[PDB]
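In structure tokens, the next block holds one chain alone, the form deposited without this ligand.
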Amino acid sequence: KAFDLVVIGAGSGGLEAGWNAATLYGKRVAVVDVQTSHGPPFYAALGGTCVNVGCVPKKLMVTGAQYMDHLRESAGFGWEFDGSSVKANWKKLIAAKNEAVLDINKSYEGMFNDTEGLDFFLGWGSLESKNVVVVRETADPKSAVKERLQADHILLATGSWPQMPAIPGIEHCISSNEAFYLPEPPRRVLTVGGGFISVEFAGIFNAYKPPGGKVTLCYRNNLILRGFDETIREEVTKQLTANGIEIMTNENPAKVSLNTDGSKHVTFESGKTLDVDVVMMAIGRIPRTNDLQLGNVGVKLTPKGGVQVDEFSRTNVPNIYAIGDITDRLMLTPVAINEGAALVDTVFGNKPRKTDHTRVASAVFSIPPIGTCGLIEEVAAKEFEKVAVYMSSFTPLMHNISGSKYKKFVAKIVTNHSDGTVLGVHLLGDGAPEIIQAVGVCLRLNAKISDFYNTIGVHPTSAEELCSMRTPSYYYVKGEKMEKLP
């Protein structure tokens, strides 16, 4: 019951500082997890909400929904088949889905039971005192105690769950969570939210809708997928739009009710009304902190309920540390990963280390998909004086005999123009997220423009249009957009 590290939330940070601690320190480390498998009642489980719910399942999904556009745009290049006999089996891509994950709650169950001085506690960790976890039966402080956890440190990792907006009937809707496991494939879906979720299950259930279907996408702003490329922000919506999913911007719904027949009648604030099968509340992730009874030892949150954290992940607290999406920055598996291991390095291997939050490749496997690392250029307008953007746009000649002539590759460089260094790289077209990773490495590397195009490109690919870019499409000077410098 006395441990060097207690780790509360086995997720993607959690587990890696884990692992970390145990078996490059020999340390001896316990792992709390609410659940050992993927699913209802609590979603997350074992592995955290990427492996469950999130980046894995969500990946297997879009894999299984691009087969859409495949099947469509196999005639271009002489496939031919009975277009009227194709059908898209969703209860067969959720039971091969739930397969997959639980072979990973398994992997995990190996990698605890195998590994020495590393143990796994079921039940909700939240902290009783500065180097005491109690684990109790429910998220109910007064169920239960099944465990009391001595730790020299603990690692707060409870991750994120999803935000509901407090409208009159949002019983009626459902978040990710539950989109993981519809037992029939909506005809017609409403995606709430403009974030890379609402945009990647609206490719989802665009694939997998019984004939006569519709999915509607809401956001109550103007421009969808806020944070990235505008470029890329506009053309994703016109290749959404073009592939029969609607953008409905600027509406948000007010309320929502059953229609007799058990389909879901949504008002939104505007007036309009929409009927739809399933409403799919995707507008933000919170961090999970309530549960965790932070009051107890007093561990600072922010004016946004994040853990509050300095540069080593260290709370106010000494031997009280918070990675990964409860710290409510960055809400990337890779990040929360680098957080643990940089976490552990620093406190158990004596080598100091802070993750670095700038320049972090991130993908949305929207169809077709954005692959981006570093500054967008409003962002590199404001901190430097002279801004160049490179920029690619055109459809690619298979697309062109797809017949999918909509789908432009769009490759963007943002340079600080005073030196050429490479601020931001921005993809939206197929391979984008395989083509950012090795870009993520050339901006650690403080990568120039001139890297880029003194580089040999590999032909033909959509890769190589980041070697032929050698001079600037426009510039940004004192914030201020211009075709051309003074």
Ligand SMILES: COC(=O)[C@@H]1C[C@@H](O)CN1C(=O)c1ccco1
The other form holds:
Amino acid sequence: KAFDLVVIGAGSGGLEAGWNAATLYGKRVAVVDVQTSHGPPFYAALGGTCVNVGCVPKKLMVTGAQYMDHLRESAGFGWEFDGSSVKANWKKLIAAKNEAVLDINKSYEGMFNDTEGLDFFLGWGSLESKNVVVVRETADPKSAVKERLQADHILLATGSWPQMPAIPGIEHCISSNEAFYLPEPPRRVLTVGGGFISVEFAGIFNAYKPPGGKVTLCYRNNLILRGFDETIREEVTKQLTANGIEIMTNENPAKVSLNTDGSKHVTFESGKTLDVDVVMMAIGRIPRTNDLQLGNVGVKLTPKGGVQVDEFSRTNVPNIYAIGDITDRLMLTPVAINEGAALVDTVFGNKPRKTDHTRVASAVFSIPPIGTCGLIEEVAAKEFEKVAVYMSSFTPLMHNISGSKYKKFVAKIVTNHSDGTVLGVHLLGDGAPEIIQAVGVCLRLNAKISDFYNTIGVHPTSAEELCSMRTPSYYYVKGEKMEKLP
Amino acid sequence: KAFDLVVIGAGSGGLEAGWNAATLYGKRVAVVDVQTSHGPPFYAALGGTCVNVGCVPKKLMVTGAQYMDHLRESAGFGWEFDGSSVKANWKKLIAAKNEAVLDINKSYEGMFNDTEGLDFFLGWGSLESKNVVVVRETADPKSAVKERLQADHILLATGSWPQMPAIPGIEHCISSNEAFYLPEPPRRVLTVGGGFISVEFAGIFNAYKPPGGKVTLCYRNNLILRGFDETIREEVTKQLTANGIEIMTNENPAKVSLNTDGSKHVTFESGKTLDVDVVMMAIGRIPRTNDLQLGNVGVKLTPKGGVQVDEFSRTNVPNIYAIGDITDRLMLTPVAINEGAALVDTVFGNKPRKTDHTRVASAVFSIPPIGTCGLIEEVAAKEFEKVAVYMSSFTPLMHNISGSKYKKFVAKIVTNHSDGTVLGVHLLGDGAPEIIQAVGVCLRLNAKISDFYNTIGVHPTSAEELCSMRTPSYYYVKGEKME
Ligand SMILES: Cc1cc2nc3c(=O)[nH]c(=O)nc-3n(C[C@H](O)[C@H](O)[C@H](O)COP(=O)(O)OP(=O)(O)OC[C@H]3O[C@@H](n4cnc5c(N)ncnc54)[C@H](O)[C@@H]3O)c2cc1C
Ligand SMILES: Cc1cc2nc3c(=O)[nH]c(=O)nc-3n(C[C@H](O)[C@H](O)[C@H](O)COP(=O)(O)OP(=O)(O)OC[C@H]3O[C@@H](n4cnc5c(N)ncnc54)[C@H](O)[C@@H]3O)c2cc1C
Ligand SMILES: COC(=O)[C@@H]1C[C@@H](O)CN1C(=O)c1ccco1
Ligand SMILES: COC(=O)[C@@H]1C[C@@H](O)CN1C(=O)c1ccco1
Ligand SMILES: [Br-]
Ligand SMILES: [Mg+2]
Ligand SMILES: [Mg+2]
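Alongside the form deposited without this ligand that was just displayed, please also present the structure of the form deposited with this ligand bound.
Below is the entire complex, every chain and molecule, led by the chain shown above.
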């Protein structure tokens, strides 16, 4: 019952820290999670949110959703078939996703069996004391102890959970957790929220809806995807609309009731109403701190609710660290993994390393998708006296032939115009998530715009647009947008 | 008529050079090409090989070919439709391709009409003297003179042309040029060659083949795609085979005759026989210098027929330059364009610049495709004492579900293990040509493996594999492979 490291949460960050500590530094590791495989009741399980009810199944389902566009687009290239015979079998998709997620769950079980020092414990981890984690039967702190784990080092890696707004009839609504297990594809669905999860699910439901279906996405403010490039926010909005999704901006559910046929009657704050089969809330995710009983050792939380951490993932309590979504910063898997890898290389490697929270590449698997790294221009413009924006936006040739004329590719480079340093790169279109990864490496290397334009293009690709931009489209001078410099 | 620059060949490199010299440096520029729009009889035309019978139309046709996989793969994600209704209409693909290419032809026509100091001349350009380009009716130097252009500076930018082996029945075979104009998709086709053109057309013809059809690729050597990463050469062979293409390595055509039904009877050196509807020779491209009458001026050619150039694209004759395929080096459009821009900056801008032919990102639009930049490990191992290989190879999850379990993604990083400098990056799988572009920028910035593995991944992507490799798979020490 004695460990160098006890990790609460067998997720993206938890397993990276766990595995590394064991395989690289031959350390003695305990990892706690509430479930060994995906789905109800606790949804996240061994592997974490990403594996079970996040990046992995979502990406399989977006890939499934993309075939609605490929089947149509094929016609431009001479593919002929009976379009009246086309059906999207959601039940197939969910069964194939479940098998793929289960195989990963089994994979992690394999990893824990086949690794000296690395041991998995089932149940609910909380903090007894500075150096003891208790595993109980349930999330109730009164439930039975299954284990008392002695820890020289404790890692909090419990991730996040969907926020459900406290409106009348919220019990008629689901989150992404339940979206992954719907037995039938909804004919009419309201996705609530303007972030990546609402956007990605609107695309998924749009592809799998039965005949006479309608996807509506509502967002409480004016323009979806706050924090992304503004040109891309506007374009994603147009491209989702072009593919049949209704975007209701400046709208927010005030209440939901069940109609007598089991459908949902949504009343908006504005007084508008909408009948749907599913209401999926995707308005936020909040760190999972309640169940850890952090009051028992006095781990400090932020005004927001995340575990407060320094640059080395250290809480206010020596030997207690926190990575990933529990810190309520950038809620992405590779960030959690990076923080985990750094924490272990630091503490057990004697090789201190801090995660860089700048210049993080990320994606939205919207149809079509977003790839982005670094600052949007409005943010750059407040930090840098002179910012240049390089922009290329056009419908690629393939999509003129496919008939998807609305699929404008957007490539934007934001620079410090004083030295040419690239501050951010913002892509919308097929392949954007793949294109952006090596751009993340470019930004780590302090690439300038001249490093891009002096590189020889790969032709023909969308990516070569990033190496063809020599002249700013416009600038910000002391925060002020203008076409030309003074 | 008198010009600062005369460009023979209105192609990738010629147009970059002409447009830059006219617009950036205010020079009076003439550009010569044999045809104003794509296709027979001369195939290349205004815009060049890439526009007319190269990168642009081939990428559209590979995109078309990819739908065979998407339609099949859709089933794993629950898509249902009547498979027996599926037809690949090649006529529609060719029509869509022709319209796209002709629009580009027309836009280039409009660029010349609307750019003052940039003039287009139709016909066959050759050298009369070191400062005179003659434009004639035909490739025959006795054909009628249309123009004589006085030139301070002459750029040779005539590209390359398919190589056809001098075998009996060569006349019954075609090249890529004719493949772009086949009115009907061949039921049985043999692509001859192991290079990108053979492999890309094998995938195109494999998707559009009518029922009961068969695509065969033959190559003289043991393993297609020499010059590419060896793991990728092996895997792309497996993945082509898995999609129904017959790869005949260590085989070469000895002759072709017509069966009585007009189909092609191929006899290989090995005494194997194959009956096909089309034989497409893709064994090589040779520099197009014959028609230039370079003997009029004494421009030095290689025995192969390439124009010899220094690093600044200068021939042995002052004021005569050559860029692009005619130089018989790296036969890529972006390289031709880079060389044209560097030449004009140097000559007209006094901004001396030479093209870097190292660490050039390129792609093969095979199905699935290749993206590469920099050295393969066998080459690195001869130039560096210690070389590390970081390799990740696995069927991605979407392809377990899709039913294309054969589709392994390969990601390989080759380093100088002495300092970690990345020497090469080699990718096989969907997205590879898009992933490799920004890797080009990384290699220009002398990125080390640590710069890749300390970059935060984008998940889920194939690209994130590049940023997830901490530990070498194997090494070369003084040219020798060590596990
Ligand atoms: C729908 C969706 C889509 C997403 N898509 C992407 C994407 O494409 N790319 C991306 O990078 N990120 C994506 N994310 C975010 C990603 O899932 C998270 O950022 C990441 O999983 C956070 O990792 P973590 O280590 O913080 O915790 P998690 O991976 O969430 O692991 C936490 C684990 O802790 C366990 N746990 C919690 N409380 C306790 C307790 N008291 N005792 C024991 N175990 C406990 C849970 O069961 C869970 O398995 C997505 C998220 C969602 C919900
Ligand atoms: C099937 C195929 C696929 C390819 N795919 C790709 C790819 O995906 N990516 C890539 O980067 N590269 C690709 N390439 C290579 C690319 O097309 C060439 O590298 C590029 O076009 C060479 O440019 P250039 O300026 O040297 O000549 P070109 O673009 O070939 O232009 C030469 C021009 O000169 C004209 N001409 C010739 N002789 C005369 C004369 N005497 N007088 C007047 N005009 C003349 C021709 O009509 C032609 O238009 C491909 C090539 C082929 C054949
Ligand atoms: C693509 O990842 C996201 O959408 C992340 C995850 C969560 O932290 C919310 N979020 C953002 O707001 C955002 C803006 C730009 C990039 O990310
Ligand atoms: C995609 O780029 C290529 O395929 C280029 C184009 C042409 O130059 C041949 N080639 C090679 O790289 C090569 C080396 C040895 C055999 O082919
Ligand atoms: Br070989
Ligand atoms: Mg174990
Ligand atoms: Mg003109």
